[PDB]
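Here the complex is missing one protein chain, while the rest keep their positions.
In this document, chain identifiers A, B and C correspond to the written order of the chains, with residue numbering beginning at 1 in each.
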Amino acid sequence: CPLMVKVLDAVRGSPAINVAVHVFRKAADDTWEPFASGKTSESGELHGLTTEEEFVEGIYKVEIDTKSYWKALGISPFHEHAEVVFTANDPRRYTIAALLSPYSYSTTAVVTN
Amino acid sequence: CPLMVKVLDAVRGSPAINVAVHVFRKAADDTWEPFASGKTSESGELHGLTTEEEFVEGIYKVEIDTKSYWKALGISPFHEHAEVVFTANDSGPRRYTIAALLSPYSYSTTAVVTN
Amino acid sequence: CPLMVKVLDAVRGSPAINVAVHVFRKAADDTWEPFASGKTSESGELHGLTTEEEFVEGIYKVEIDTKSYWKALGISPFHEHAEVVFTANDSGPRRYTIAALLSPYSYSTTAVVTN
Partner (left out) sequence: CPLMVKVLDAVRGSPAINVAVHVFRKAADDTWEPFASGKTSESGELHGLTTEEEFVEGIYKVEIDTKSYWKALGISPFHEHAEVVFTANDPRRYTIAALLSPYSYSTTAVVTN
């Protein structure tokens, strides 16, 4: 599990559940190629995206479908999505945490061995 | 302004208006002595708390009354308030801005310190 | 100013100065068309990106070049940049401020929207 994404709701003080997350890798032609995706769990976490063998060095984009999240709660959101773009370098485990509000998002990386 | 507070509302995407702020200074005796107070304006800013002469060295507490803010809006939040405690002016006079971002279950504060 | 960006540095407790910002608008064709660009001033603010007339309805991307900022300071950060994508002016003209707080391994953005 070199990559885990966790999503939090700052309005309700809870995990953000059933949030779609899409991971892309940057290809040599600068396009974004699908890499991994899923929906956050009841704990707001998304496990099992990738394996060490697949997760090579490069530039990755994590897109979080925050607009659907908010609209399903009957709340009009500001952003079209939340995006986090980063280079993976060879400590080895990346946790991407995002904290969501209708008009704000924050993202932090915790990178450990 | 040697001491300013600015507050944003991350739910409404607006300044956080009419937020009460109480400032305290730790006294000789190690209690919190009231120092100044005010509330944020339509721009979410609070100016005119103090003066260069009055804002001497010390340990200051900026209490941001986030609970009353969310409750005045008829919303039930997590925290009682936001407290920001720092030593000020120990290397000569500086200008301090306390910036805060509020959500019902989260807040954040950052300090901008200028000479 | 219909569109403004302000950026703070949570490490130094200062405005984030000389941060490059590129704005894009999604085009007819579904690509990102360059729209405007600038860099933050000594106050960490970026004014004069656009005009009311030019800032029509659309989907806008504000790219904040945080990597170049941390690297110009000789520091190695996590993110490539900060991207902020939103639909603007779909209910008539508004004024948008994109506020960001930066640390090497974390950033945060909030929008203040006024009428």
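Heads up, the rule we're going with is that contacts are C-beta pairs under 8 Å (C-beta built on N, C-alpha and C of every residue); 3 or more make two chains touch, one makes a residue touch a chain.
Although one chain is not drawn, the whole complex shows that of A:4, A:59, A:88 or A:110 it is A:110 that touches it.
Checked against the full complex, the candidates B:1, B:4, B:73 or B:111 give a single residue touching the omitted chain, namely B:111.
Residue A:14 is the one among A:14, A:51 or A:76 that touches the chain missing from this view.
Residue-level contact of chain A with the missing chain is found at 8, 10, 13-15, 44, 99, 106, 108-112.
In the full complex, chain B touches the hidden chain at residues 59, 78-81, 83-87, 101, 105-113. Chain C residues in contact with the hidden partner, per the touch definition given at the top, are 9-14, 78, 101, 103-106, 108.
Just so it is clear, only the chains that are shown with their structure count from here on.
Remark: chain A and chain B have CA centroids separated by 33 Å (rounded to whole angstrom). Centre-to-centre, using mean CA coordinates, chain A is 21 Å away from chain C. Shared interface positions of chain B, defined as residues touching 2 or more other chains, are 10, 13-14, 101, 108.
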